[PDB]
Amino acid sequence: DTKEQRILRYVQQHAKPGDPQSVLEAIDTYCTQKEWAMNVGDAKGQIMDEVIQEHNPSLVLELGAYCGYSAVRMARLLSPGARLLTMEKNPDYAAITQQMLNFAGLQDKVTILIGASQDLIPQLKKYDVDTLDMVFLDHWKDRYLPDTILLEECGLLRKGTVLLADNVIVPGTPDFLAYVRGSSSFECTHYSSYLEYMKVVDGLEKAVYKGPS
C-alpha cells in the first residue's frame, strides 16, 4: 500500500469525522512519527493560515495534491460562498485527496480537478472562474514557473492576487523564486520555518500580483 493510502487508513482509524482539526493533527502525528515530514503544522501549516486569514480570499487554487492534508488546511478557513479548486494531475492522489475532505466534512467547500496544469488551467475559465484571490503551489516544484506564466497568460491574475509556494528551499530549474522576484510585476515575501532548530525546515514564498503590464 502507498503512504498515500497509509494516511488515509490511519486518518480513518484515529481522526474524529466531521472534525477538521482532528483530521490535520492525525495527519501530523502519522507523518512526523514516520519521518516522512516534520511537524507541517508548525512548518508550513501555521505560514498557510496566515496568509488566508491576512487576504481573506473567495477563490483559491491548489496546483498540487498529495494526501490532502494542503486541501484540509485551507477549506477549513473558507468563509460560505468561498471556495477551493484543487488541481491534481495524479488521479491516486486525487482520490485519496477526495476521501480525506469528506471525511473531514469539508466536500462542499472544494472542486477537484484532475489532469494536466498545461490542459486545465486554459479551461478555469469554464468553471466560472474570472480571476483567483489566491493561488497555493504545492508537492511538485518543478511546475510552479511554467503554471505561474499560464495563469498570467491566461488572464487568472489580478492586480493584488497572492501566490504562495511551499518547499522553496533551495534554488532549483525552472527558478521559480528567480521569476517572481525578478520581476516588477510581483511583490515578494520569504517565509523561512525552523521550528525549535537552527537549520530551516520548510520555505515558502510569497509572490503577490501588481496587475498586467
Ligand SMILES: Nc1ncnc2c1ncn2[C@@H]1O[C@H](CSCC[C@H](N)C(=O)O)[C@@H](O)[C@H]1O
Contents of the next structure:
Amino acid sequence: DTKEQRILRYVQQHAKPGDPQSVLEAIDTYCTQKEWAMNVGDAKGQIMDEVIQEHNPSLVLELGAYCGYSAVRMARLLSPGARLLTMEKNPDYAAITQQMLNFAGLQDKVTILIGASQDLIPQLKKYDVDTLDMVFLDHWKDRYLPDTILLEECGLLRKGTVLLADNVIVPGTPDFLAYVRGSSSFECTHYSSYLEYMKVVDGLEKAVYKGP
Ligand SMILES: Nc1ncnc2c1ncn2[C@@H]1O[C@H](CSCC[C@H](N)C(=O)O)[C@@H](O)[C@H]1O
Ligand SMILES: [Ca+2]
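Right, the form solved without S-adenosyl-L-homocysteine (SAH) is done, so what does the form deposited with S-adenosyl-L-homocysteine (SAH) bound look like?
What follows is the whole complex; the chain from before opens it.
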C-alpha cells in the first residue's frame, strides 16, 4: 500500500467527485496533516493559477505528473477545447494521476503520456502538436536545462511561449536559471514562494580504495 495509493483513497473518500477544487483541498489536507508529499501545494498553485489566467494558454505541456495535483490545478482553469499534456516516466504515478483526473472530471482535458521527457518530447509532432503555449517543469531538476534546449531544437517553442519552472531555488536549478536569465531568447521573471517543509531523496557513496 504505497503512499500514492493512500492519497488517492483519501481523495476518493473526502472530495466531491467532479469538483477539481475539492480534489485539491483533499490532497492539500492529507499532505499537510498526515503524510507530506511532493505536490506543488496551494501557495505555489496560486502562482500557477495566475500565470495560466494571465497568459491564457490553449496547449500546455507538463513535465512531471506524480499524483496529478498540478495537472488538476492547471486543467481546471483551461477553456473548452484547450488541452493539457503531462509527461510522467513512472507508470505507477501515471495510473494514480489518471484516476485523480477521472475523479476530478478533467480526463477529457488531459492526456497522460508515459515515458521520459527526453524521449517523448521529440515525438510530440506525431501527437498533432505544432508549438506549445505553456510548459511546466517540475520533474528531475537535472533535466530542466537539456529539456529546454531540446524543446528549442525540436521547434516546439513559439514567440511568447511561457515556461514555468518549479524548485529553481530549492533544491536549486542554477544552470537552468543561468541559461534562461542570460539568454536574449528568454525574458525571465522570478516568483518567490515560502516553503514550510520539503524532503528530497539524497545519498552518500562510500568508495574503498583498493590500489592503482
Ligand atoms: N525525465 C522525466 N520524464 C518524465 N517524468 C519525470 C522525469 N523525471 C522525473 N519525472 C517525474 O516527475 C515527478 C516530479 S514530482 C511532480 C509533482 C507534480 N508535478 C505536482 O506538483 O503536482 C516524479 O513523479 C517523477 O516520476
Ligand atoms: Ca515541485
